[PDB]
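Chemist: Each chain, written out:
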Amino acid sequence: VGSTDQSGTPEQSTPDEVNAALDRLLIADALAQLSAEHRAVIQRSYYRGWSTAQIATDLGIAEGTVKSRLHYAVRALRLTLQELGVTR
Amino acid sequence: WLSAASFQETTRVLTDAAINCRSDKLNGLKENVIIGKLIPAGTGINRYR
Amino acid sequence: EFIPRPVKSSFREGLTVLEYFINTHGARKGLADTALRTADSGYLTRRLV
Amino acid sequence: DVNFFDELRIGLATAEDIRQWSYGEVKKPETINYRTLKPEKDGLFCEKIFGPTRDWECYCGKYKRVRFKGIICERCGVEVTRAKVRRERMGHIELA
Amino acid sequence: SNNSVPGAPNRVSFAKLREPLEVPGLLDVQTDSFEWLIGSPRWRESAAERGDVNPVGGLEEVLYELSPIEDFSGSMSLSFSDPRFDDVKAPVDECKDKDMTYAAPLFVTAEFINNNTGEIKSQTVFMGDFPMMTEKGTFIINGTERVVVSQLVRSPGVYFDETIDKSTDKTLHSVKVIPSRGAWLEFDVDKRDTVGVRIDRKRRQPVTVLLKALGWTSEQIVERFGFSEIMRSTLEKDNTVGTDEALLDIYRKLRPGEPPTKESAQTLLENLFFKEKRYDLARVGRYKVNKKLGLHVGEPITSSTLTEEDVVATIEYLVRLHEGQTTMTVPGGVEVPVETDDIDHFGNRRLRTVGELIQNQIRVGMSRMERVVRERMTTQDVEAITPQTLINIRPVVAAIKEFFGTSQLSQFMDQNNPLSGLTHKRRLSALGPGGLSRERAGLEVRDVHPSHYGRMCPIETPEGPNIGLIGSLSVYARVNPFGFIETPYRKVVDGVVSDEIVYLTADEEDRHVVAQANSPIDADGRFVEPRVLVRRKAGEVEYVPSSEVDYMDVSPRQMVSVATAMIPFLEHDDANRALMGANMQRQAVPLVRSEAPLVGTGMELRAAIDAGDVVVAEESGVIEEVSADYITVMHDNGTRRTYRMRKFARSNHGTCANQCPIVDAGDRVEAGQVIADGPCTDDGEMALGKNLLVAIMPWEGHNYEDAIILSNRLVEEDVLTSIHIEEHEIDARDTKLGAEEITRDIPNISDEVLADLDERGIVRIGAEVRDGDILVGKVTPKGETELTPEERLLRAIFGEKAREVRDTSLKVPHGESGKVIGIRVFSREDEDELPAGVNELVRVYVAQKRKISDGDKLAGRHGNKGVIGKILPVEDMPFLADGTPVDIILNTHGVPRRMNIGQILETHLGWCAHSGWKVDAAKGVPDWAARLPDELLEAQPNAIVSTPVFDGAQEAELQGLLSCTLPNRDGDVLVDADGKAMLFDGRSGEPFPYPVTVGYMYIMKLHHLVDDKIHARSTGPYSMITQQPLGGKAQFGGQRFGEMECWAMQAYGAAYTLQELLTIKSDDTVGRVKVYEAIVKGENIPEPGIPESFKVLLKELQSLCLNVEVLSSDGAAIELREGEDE
Amino acid sequence: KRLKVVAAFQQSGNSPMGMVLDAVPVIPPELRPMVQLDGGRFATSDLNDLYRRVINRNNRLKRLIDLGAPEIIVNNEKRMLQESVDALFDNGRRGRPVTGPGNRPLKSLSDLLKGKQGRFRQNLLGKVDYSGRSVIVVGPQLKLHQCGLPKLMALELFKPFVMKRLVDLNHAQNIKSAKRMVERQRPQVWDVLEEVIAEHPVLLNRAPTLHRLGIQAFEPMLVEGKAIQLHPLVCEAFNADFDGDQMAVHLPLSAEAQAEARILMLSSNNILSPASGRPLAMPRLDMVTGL
DNA sequence: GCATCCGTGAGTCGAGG
DNA sequence: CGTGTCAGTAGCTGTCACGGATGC
RNA sequence: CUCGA
Ligand SMILES: [Zn+2]
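Listed in order, the protein sequences are those of chains A, B, C, D, E and F. Residue numbering for the first sequence follows the deposited numbering, beginning at 90 and increasing consecutively. Residue numbering for the second sequence follows the deposited numbering, beginning at 1220 and increasing consecutively. Residue numbering for the third sequence follows the deposited numbering, beginning at 830 and increasing consecutively. Residue numbering for the fourth sequence follows the deposited numbering, beginning at 3 and increasing consecutively. Residue numbering for the fifth sequence follows the deposited numbering, beginning at 28 and increasing consecutively. Reading the sixth sequence from the start, the letters are residues 294 to 420, 422 to 585 in the deposited numbering.
For the record, the hints were derived by calculation from the structure and aren't laboratory data. All residues carry an ideal CB built from backbone N, CA and C; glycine is no exception. Zero decoy hints are in this set.
Below 25 angstroms or equal to it, Euclidean Cα-Cα: the simulated DSS-like pairs (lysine-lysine) are:
{"id": "1", "chain 1": "F", "residue 1": "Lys470", "chain 2": "E", "residue 2": "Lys838"}
{"id": "2", "chain 1": "F", "residue 1": "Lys355", "chain 2": "D", "residue 2": "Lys50"}
{"id": "3", "chain 1": "E", "residue 1": "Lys763", "chain 2": "D", "residue 2": "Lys86"}
{"id": "4", "chain 1": "D", "residue 1": "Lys71", "chain 2": "E", "residue 2": "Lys809"}
{"id": "5", "chain 1": "F", "residue 1": "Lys297", "chain 2": "B", "residue 2": "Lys1244"}
{"id": "6", "chain 1": "F", "residue 1": "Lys409", "chain 2": "E", "residue 2": "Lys1060"}
{"id": "7", "chain 1": "E", "residue 1": "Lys828", "chain 2": "F", "residue 2": "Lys470"}
{"id": "8", "chain 1": "E", "residue 1": "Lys1040", "chain 2": "F", "residue 2": "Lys445"}
{"id": "9", "chain 1": "F", "residue 1": "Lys445", "chain 2": "E", "residue 2": "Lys878"}
{"id": "10", "chain 1": "D", "residue 1": "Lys86", "chain 2": "E", "residue 2": "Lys1122"}
{"id": "11", "chain 1": "C", "residue 1": "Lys837", "chain 2": "E", "residue 2": "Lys564"}
{"id": "12", "chain 1": "F", "residue 1": "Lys407", "chain 2": "E", "residue 2": "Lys1122"}
{"id": "13", "chain 1": "F", "residue 1": "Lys371", "chain 2": "D", "residue 2": "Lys30"}
{"id": "14", "chain 1": "D", "residue 1": "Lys40", "chain 2": "E", "residue 2": "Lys763"}
{"id": "15", "chain 1": "F", "residue 1": "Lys407", "chain 2": "B", "residue 2": "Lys1249"}
{"id": "16", "chain 1": "A", "residue 1": "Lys156", "chain 2": "D", "residue 2": "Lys66"}
{"id": "17", "chain 1": "E", "residue 1": "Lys1122", "chain 2": "F", "residue 2": "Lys409"}
{"id": "18", "chain 1": "E", "residue 1": "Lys828", "chain 2": "D", "residue 2": "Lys66"}
{"id": "19", "chain 1": "E", "residue 1": "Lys828", "chain 2": "A", "residue 2": "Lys156"}
{"id": "20", "chain 1": "E", "residue 1": "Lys1108", "chain 2": "F", "residue 2": "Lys470"}
{"id": "21", "chain 1": "F", "residue 1": "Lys445", "chain 2": "E", "residue 2": "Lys846"}
{"id": "22", "chain 1": "E", "residue 1": "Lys876", "chain 2": "F", "residue 2": "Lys445"}
{"id": "23", "chain 1": "F", "residue 1": "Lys445", "chain 2": "E", "residue 2": "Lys1108"}
{"id": "24", "chain 1": "B", "residue 1": "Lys1249", "chain 2": "F", "residue 2": "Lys409"}
{"id": "25", "chain 1": "E", "residue 1": "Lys1101", "chain 2": "F", "residue 2": "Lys458"}
{"id": "26", "chain 1": "D", "residue 1": "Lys64", "chain 2": "E", "residue 2": "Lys763"}
Not close to chain F: a few residues of chain E, all C-beta gaps over 10 angstroms, as computed:
{"id": "27", "residue": "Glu97"}
{"id": "28", "residue": "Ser106"}
{"id": "29", "residue": "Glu121"}
{"id": "30", "residue": "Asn493"}
{"id": "31", "residue": "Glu569"}
{"id": "32", "residue": "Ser574"}
{"id": "33", "residue": "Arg851"}
{"id": "34", "residue": "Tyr872"}
{"id": "35", "residue": "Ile971"}
{"id": "36", "residue": "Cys991"}
Sequences are here, hints too, so could you generate the full structure?
Modeler: This is the structure:
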């Protein structure tokens, strides 16, 4: 039917990263106010995407230790974000 | 050859550029504009920069 | 070349039907060639650049 | 990636250079599938050659997560990086 | 009085010349063309009294040319006859609403004639839904009114050219035989005194090769072309000789790669030029050849084909012209002059209208079906064949669809104001298929030709790249069935003007001499002067005896267009500003309330009625019931007709088309009278603007060079307020992970933004919506594997599960704001036929009330345009002696340069209309008002007057009226006999030192408003391929720092500003994000990176087998975050 | 001229064999993308058709070679493969171009670099964010170094700077909500915007940019309305009358760019014509009559 | 050795389709 | 899958100046 | 296609 070189076809566009860059800046601020243990566990579960046992194997800690650190560190970040007015 | 291929006769310049295997010293107004360097003129010369 | 018959009336007086008709010949070609003369002007300009 | 590099060299591309660039040969003439939007293998949009349509998502669907970063899938042959590689990975056609 | 025929307001004209012939139907070009195509009873009765015997419509003509269809043997035959139409499928407004096409089903009668069985089966076969033309002369394709534009094409026939050679500097000559269809044939004489012929663009064969292939002996050629030495040198320099030899020579150059048989070339050389299958000169193409060559000039036009005699007479015409001959008679033909043709002359330049352009597309669609017929005949059996089995209507309906859907002649209708639509239906476009390319149009096709007088307007034409290529039809002009443009003239018997009027074509006009319209004529008809200004062939104007005038012009405005004829005092404005004056009238915006101009021309009435945006009574009667919704008319016979008002409808260009009733309950109204008027109409006349009190003076630099100063009264009293309506649309589709649904429930949105939505997620009627507000709440399901690491962490730290959908709601664009006036919902669930993959469709109409703002573009009728630079308070305005402040201040410097004094004369007459006048009746009629009609000697305030083009008010009468202007309510005369008045500075109080010209001018609000033209962008979308910001305001794009703008930065030496523009601010993928962070952080601006567009350039040079590499200072090649494998 | 070509292959050390290809490279797919249409159908780049016809004919040649078909079929197939690669690189260069649907010549790889629409002139010599445009209106009260831009234009142009200040003065809790405030135009932004644009110069441009004074720097002044207010003395340089003209605005971000606008490009520092040395910002129309 | 013919170039920006 | 009597573009020239390789 | 400077 159509050719992109041919006129009358809309060119593809990609949105700007403003909303993503602002969230990344606020997440980076809330991350700095965390313990080296909690910060090094959320950055291995959400930034590296590893499994629960994979983080437990790397850090040399128990399985439930990674589950507990992740459980608090998420709530710790929610504390810092709600204190700065981040929308739910 | 980069300042010439963007002026006129693009294919005629790029053919002779690849046959003669010319290398372009990226030191010119038109060239720095394309690659994103500071133009070697005005506040871009090394004396003021 | 100029028409052997001039437009005797003034725009304050008001041109006749035939006077107005012969005037548009030079008026339209005056606007027409202006688009071509600006193209050759800008082309010469970018060659000089 | 600093912005100071002196020369920009141009030359004839050897047929061996074309193979040194290419991440695979485009054998079939097909493009994609018109129901699943998945590109056909060895076609002009093959994910084994050019790269994954989506980030960290392979063709056969076995590897869809970020933890398997850099794994060459054995069942479909697609690498798992971002779709940014589909703007720089070259293909080639071997002429008879 | 002016235009006392329909019952219009009494506009009094400054007319000294009577109108012998009233303006024709301004919509006839679109109407008559379509009535002939479908053979309507109106066209048939028109052709009946025209003298025609057995006339044939456009569809009947295609069926007769097509019938019959036979195979090689002749055992099978198919024929068509009797085309007829059933009622229209859906009404006009239903098609606009449901986005379908206005069409009627076309029925024909087809039958199969079998010679080998002696039996025929006849039946009715449905051909296809045939697009129908509305009463307004428009078509409706997929719910959009379109206009099929008449095309100026080169008329079929034989044409001769006198070209000058480049190298030898000798006069050459060439011939072209342009058929109405088929292959082309051009003879020429090169610079070597030899004659050749190019057959269908192919190689140029010697002219005797064609003669030998047709069966002419080498002796008879010397007998015919012996009087010239250039033909003796042609037969001598010839290569091959023989009837069966040059016939194969043509075959191998025309159809290469095939075995050349003496009868395979004998077949095509008869089919390509002499069989009606692959070649055809139309009735106009045959007649144009029979006149140019001077043969068969008395025979009835029956030959629809080229003949061998014409080819010989053409070569004879060429060879004589080359050696200076000026006269020739074909053996057995009348005498004819030997000359070259203009191809720009309107006798050789043909106009094909709506019916022909559609007919040609039907003919091509029929021929594609004919091939299907012949193929389906030889495949199926010869006894179960019916007309239904041989006919596949797919290529036919797809051929008319391809035309109306995609064609330079099928144009999106101009609908700014009624005049813009009327002008669009009367456009004459040279561009398009069969015409010419824009790159193939020199300065000669575009300029005014002397044959355009009274046919195409020399003023109304765009000033852009389409100048001269698009013209407007003259007022009284019409098109004959051949395709040329006829214009009426008054036949002068023996120096006596007669009321007998006859239409003459372009060449017919050249065979006589015509007198100018404003000739002094006796009451009996004899010219006052023996010598009168007369137009002659080749554009000659000179005096000539009264016993020589053959015809004369009907009206002074005979040469101008409808829009051009609406400029008062047009004879006082140069052609440049007159062109802009007519072009900007089509750009007027319909205001809330409309005022007819005080200074008119008389054309505004017929321009409004013939446009079709008013409501005229079909039959006389009384008004039974009148409402804002509809008007009911009780006829004399007893029947009732009810006309429905179009209220607050969106036009094609966003203007407000709103009709209002004029008549009241129980008003006797005659037939053809305006009972309700629409946009830009007042009592049935075109009201493109308002009458504003103008002062011609500089005012503190706010009106400096073409800026305009306005009184805030125009804002307070909605004088220049206009309504605009925008259409917003969104659909809910089926996606890979589910289906988009339109719901009020939108993730992470408060109940305050969703407060204006109903329970469905749609904004409610009457809500006022700013930019960014939600119009339709739509959510689309997004997969889990498509989530950012931060977005997945952000989803975990908020505990909001089951939000697998994202926001894709329809929001209000930047710069839009208004009241929601209408909602339209289309659902697949509710039987509404949506495109496959769509479940719901919503259209929201938003109306904004736009007052006049600083920067909006105003203009008059004389090409005097300008934006609004300042809107002072009503007390700051320079006010007259009695305290009334002026409405608009126009700078004086921009008046005597443009040569548009008409605005000054309009200002003077405009004031006299506002105030009124009374001529001194005692001691006789004064010497200046001797030519004025008795109806003009007295005028009440706010009187309407007419200044017809090239006629109307003279400066002597205008000067006299200023001397007897009526006083105001206090008895004081405010303006002087010079036309100037004493003004007071509203800011200081001191009166201005000198009197200033003050009066009333008609000002129009053009469709160039700052509300649309303002735009700004910090960041936004980027083009996916080049990673540069988008373009256009609608896409929220950025401005283009072009090539010339980079030269300016380099000229300044602004290296850092230039690098910043081309890197971080444009296509640096990582630099633009880190710049945005550095701003919100308060940090400094980082260092620019490498443009992504340069990365794409290298990857494209690689695809062209070019090994490009970037080397460092040492020489090692450096990669760009990528590698290479084999 | 023959030596000019031969000596190039001699000295450089690259073989002339590169002029004959055994393999053709395929450009990455994102540079020849195939987009889906709102009607359900698909629209693709012409390069995909050219690559597809090269692939179709090259695979047919492999069949003929395998089948041992007559040399007339193999040779007439090899010719078509030559014309297909010729169209992929430069369609139309030899003979008649490969037409697509509607007798439209398909674009080739070399068409991506040719002329005004090519990659060089369209996307390299000219390209920008932080910019806007509107109608121009004369402003007599303005000083020569001043210009008036609409408030709604300045808010979007200075949007990130305004967000930064909204979060500093505690009008907004975080930078995220500060963005929602500018998008919603909360009344606090108009007081904040005035502080932001203070002595921050902007660039005004009217096309065509004939000389360097076609772009000049000004001190912005927040004005109501939606039109740009231009000084009457810079009208000569811009060749800008007020009959519907539009001008573009560009906001310099870096410190160096602002300094280049403040010093090099300021309208008050450029009164004389660089071509002739005679003044341009002088009384010209109403002003000369008044004097 | 020269007339032919091929290929090159032909303002910038903006709006809506 | 097998295929088997005639079975044959649309469109179009209404650009041009200029230089130099290509060609009788 | 059409229009604005
Ligand atoms: Zn896989």
